[PDB]
Each structure stands twice: as structure tokens, then as C-alpha cells.
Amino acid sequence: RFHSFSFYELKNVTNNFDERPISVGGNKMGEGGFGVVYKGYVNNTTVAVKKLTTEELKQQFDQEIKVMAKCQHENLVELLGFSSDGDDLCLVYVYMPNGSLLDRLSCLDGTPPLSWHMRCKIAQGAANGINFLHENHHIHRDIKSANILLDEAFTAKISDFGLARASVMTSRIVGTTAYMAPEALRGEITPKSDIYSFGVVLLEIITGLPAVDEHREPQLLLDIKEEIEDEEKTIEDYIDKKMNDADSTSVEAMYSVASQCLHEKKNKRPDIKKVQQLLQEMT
């Protein structure tokens, strides 16, 4: 039971959708690729209002709402309402004060680096969210650090279910290439591909490096697995130098999970329940 807003009500919430930089007194918070996300106030509740071909975008809008109606969990973003009355699409969520894991890993706008302790809890939280989705027979298809949000306590919240499928190959290959498993690039749809993408997220957590950097060797973060396997680099060479509380044993444990997640044969990867347990044993 979501609150069916009119589009006009959401204009009064968002100051008729004002533009950019929130770090210097603005209201627009960010963009993923499907919509622009605005900060607003419904009574005293802080909200995030996402303003989104038409048929494909309308299908993602309906799929977001359908997934959110079925799936409530502390490690999933909470949808408060929607509006689709006058040929315009909006999604209103509970506000996440600490933004995305990507933003916090990059220390965007002067935020302090995440500690190893906090990074372990974020990894666990994200895995619990993905487990819930998979337990409810949903494939996310776009797991990445930009889609893991963080509340006031840095609890991880999986977001953006527009591309999700309630589980075969597909014609239209979707996802972010730096996170995608080989079989996903070939066009397969499977929960095993979400596991692979989570492996890339775990590498971002360990290293603080972006998943892709055109100005680096190797350009794709997933390729450090091969460097470490061939012993031309070590895990210690890549560990984020913006932490001071990272013990070798637990970092090695998380890397072992990331390595298993990034197995190139899909059927050799752990399922999400095993990933959850391995991260639980790490802590």
C-alpha cells in the first residue's frame, strides 16, 4: 500500500524540482542513468524523489513499484509513494543521509574514509539485501556500488529495481559493463550474475578503487584477481591506504569471498546464502 501522489503534490515537496549542487546549498543529489534524484520534505520526513524510450522507461517504473510492493527489508531502500497521473513518472523513497557506497568510497565532498569495521558491516548488509531478493525469486541485474545506499548509521540499502526480473537469454543486454559477468555480457539472465557483480563491489570495498578507470592498468578492477593469482601483485598492494584498522586476516577473508564470487564459470560461484555465511564467519 503506497501513497498515490499526484504530480502536483510532488512539485510542492521538491520546490518544483530545483537543480544542482547540494554541497553548496542545492537540492539535486545525483543521477544513475535512469532518473534525477531530488531532496524534499513530506511534512517533517526527508525524502528522495526520483524523476525519471517511453515504453521501456514506463516498464522500469512499473517493475520498481512491483518489486517494492513485494519486498520489504532493512537492507532494501523503502519506497514511500509514486505518481503517474499526467504522463510523468516519480518515485518517492525514504532519504538516505550518507548517499551511495560509491560516493563514500571516493570520499566525495569531504566525507571521511570508511573504516574497515564499517566496510565489513556494509558488505554483510548488502549481501543480506541480495539474499532477500534471491529468496523472493528476483534477479537484480544491476548490482554496483552506486546502487548500494547508506542511511544515518551506514546500514546498506540495495536500490534501483527497474531492470529486475522475477526468475534464459535476452535480446537487450542491460547492466553496467565493469560489473557484468561474462554470461551476462553473452545475454544470459541468472542470479549467478548478481553474485559476480557483488564480487566487484567487494573489490571496491577492499581497494577503494573505481570498478573502471580508463586512466589505469588494468582498466577493470576485476582484472586484479588475475594479477594476484599470478603473484605479480598481492592483496596488500591493492588494500585501500585510506584505512588504518584493516587486519590482514579479515581482509584476506573478504578477498577470498570476492575471488569466489568472480569465478569465470557461473556454476562454480557460491550462491548468495554461502556468500552471506562466509562474510558472517569473517566478522
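Just so we're on the same page, rigid core means the largest C-alpha set that superposes within 1.5 Å between forms. Numbering follows the first chain given and starts at 1. Compared with the form deposited in another entry:
- Taking 2 Å as the criterion, residue 11 counts as shifted between the two forms: its C-alpha moves by at least this amount when the rigid core is aligned.
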The other form holds:
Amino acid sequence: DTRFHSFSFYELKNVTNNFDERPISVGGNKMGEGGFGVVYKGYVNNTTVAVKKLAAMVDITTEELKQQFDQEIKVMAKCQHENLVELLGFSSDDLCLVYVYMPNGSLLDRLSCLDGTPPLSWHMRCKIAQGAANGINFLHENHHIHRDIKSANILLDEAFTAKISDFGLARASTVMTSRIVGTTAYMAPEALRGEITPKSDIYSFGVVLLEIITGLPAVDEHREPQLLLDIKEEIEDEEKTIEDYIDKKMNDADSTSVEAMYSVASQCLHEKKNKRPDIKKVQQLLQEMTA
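If the structure you just shared is the form deposited in one PDB entry, then what does the corresponding form deposited in another entry look like?
Next comes a single chain, given without company.
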């Protein structure tokens, strides 16, 4: 389809079985949730869609949420690429965004094997890492800073192609902000300080690469270390090796390409923003990894 659709709130209420908050397996429509809303499964033109019902689930106001709704429509109309999620339409008559359905959910869900899905192979993980970098490259080439790169915001289509999502906090382009937003466990030190730079998206992508390698979430309150980015120091201070942390749920990892991905992640995670590779270099390094 070649146009954006304006849906009435009643149609979206109807096709999501009245925004049925029960999970998919019990006969509900809830697919997941983020900091800015619940995502529901919908069925429109004999077509499955994803419907995000916006809600300030984190620490933001009604005006900030409406601003993110506007920003997401604007950024998604402007940024249409094979490694970005596709906006289909919207409803504002109770704010809703309607997207092309991603049948394999998020990278975060697949790394956790949520609902009994089989673990992703190392081969699949390399392809996803490359696809995600290509999406970030398009945004950076088009002077957009994502500001919320994380595994929950990397979606997977019918062919497990990586599709970057959640453009509500995205910024057109180093500027400083009095409004520090994002997910702590993934944020660069300068972003936690209020800086707005594409260099911070690189850092956050480094944390995603560690999640891909290890299968571990960026943060776990009942784990030691609680933060995944700390493993870079554990490995640097030779108290651990990458082999100690490689996801045991894969059978096809090899030391050469795993060490190549870890080297990319390490460079992305440089504490000094100017020493980090830019996205074009990250793409080159990830392409060389499987060459």
C-alpha cells in the first residue's frame, strides 16, 4: 500500500478485541509494551497490523507524549528504509499508531526465547546485527539521532530482517538538553549528562551487540553484575573471557567471528565519544566479520 491511513479510534478498538490486554496464547491481543504504550495485535484489511495505544508508562507528561506521537509520525513519514519499521497509519480522535506487523517480535524477546521460541543461531544473530547497523546508518545519513537504541526497539519481520522502531524521542541534527530521557542500562555517559549526539546511538548499539553475544539482558536486578556493559571491564581486567559469557544456547558460534563482534562492541563502548567508530565504520567492521 502507498498511503498512510487515518483510522477512527472505534475501528482500532474493534480490531484489537477492545484493546484486550491478555497475552496472545490465551486469546488476547497484547504483544508487548514499552515506556510509551502497549502494543496490540490488530486485523484490518485481512491484514495483521500492530497497534500502539500511547500512554506515559514511564516518567513523562501528556504534552510530552502528544509531542512524541507527532514526532514519530513526522520521522516515520520522512524515514522509510528496509531496516526501519513501517508506519501504516494513526488515530487521534486516545492516541494510536498503526504499523506493519513484525511477526517475530523484538530482538529482546527472541534473545530471551519468550513464549518458547527456539534460540537464535549465531548466523541469524550476525545478520540481525548487520541489518540493525544498516538502519542506524540510514538515520545518521539522514541527520536523525535515534536516542533510544536497545534490543526491545529492534523488531524482526517474516525473514528475521532487523527493523529499528520507536522514533518518538528521535532528533533532527552537539546540543544539550535539560530533559534526560532513554533507558539507563544502554545510555552513553554523555547522554546520561544531557548531551544529544549520534555518538550516543553508537554506544547504545555496543550494548545491543553484547546482548547478541551473551543472550543476557542489559540489566538484571537479581544478577551479578547487574549491568551488562560492566563485562567489558571484567574482560579488560582479565578476570573473565568472552567464552565465559558467550550464549550457551547457540551451537554455531566460532571464536573468530565472536571475537570480531566483541571487538566492534568494545570500540562502540569507548567511554570517550570521539574515540568511538561512526556508524559507517561499524557497518564495515560487521561486514568484514562475516566476509
